[PDB]
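The complex appears here minus one protein chain, its other protein chains still in place.
Labels run A, B, C, D and E following the written order; every chain starts at residue 1.
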Amino acid sequence: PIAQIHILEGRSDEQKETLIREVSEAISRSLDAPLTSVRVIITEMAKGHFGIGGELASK
Amino acid sequence: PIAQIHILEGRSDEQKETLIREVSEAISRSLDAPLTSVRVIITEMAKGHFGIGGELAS
Amino acid sequence: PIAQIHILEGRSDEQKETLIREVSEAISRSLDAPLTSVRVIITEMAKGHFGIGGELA
Amino acid sequence: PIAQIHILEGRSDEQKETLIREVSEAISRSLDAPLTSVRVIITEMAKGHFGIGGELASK
Amino acid sequence: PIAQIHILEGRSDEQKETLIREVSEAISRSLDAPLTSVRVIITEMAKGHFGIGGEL
Partner (left out) sequence: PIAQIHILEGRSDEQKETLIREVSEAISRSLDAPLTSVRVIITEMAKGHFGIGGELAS
């Protein structure tokens, strides 16, 4: 499985490493897929690049 | 957080529901993000639409 | 500009046509980008494939 | 609805804010989905990372 | 490397197999990447789901 996770910028490397680990494990348990087959891409978003209800996250 | 998960076709609805819940919880706990802010998209791939090493995963 | 829009299944073809036109106009006007250069991809999600708060939408 | 928009780098924060607002409203009215449910991600592309016809947008 | 290719519906399985092979080789050779590390996802678009210049 291949997961792409869009998150807001600002997390530490350590936090993102945890995210990759926990999500990968979750995918593995859910689908009975071998952990080694799971790939995760983290894509960071700047605050001014993410909109909710037409408004900036930065705001 | 918005996660898109590409998986091969063949899983049950029950499995996919579990995937959504477990992944959402993992994201929420890892990032200290509100659970309701987490969105998950499951994208199924037909076997003939996924390649590894230039060959079909068939 | 290239837009991919994930939406729940269930809309008519005409509704999706309107979506493409209106989003394309918005992108062109906002960025002063040539309208003819704007590409929009509609990706439909089955209800059992979209989660909000860990629950099916 | 969730929209991801790939655009070339170079726009101001203000332009991108306008983009997010206008695209979100366009999605909302076209699909009659509540505006507050609409998420928009802006993904900026470097000039050297976007190809048309096998040629860089840089040229 | 991971490539996702959006294409209009209508191509044969044979064409899509060729697409995966040729794109994977192009990525591998261009980036000096191990061929087995290359993944390609084909995503088909219905004609009514793809807009250029605001028109279908």
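Everything that follows uses one rule, which is that contacts are C-beta pairs under 8 Å (C-beta built on N, C-alpha and C of every residue); 3 or more make two chains touch, one makes a residue touch a chain.
**Student:** Under the stated touch rule, tell me which residues of chain C contact the chain that is not displayed.
**Tutor:** Counting over the whole complex, chain C touches the hidden chain at residues 2, 39, 41.
**Student:** Name every residue on chain D in touch with the hidden partner chain.
**Tutor:** 6, 43, 45, 48-56
**Student:** Name every residue on chain E in touch with the hidden partner chain.
**Tutor:** 1-8, 11, 15, 18-19, 21-23, 25-27, 29-31
Just so we're on the same page, only the chains that are shown with their structure count from here on.
**Student:** Using mean CA coordinates as chain centres, what's the gap between chain A and chain D in Å?
**Tutor:** 20
**Student:** Among the residues of chain E, which ones contact at least 2 other chains?
**Tutor:** Touching at least two other chains: 39, 41, 43.
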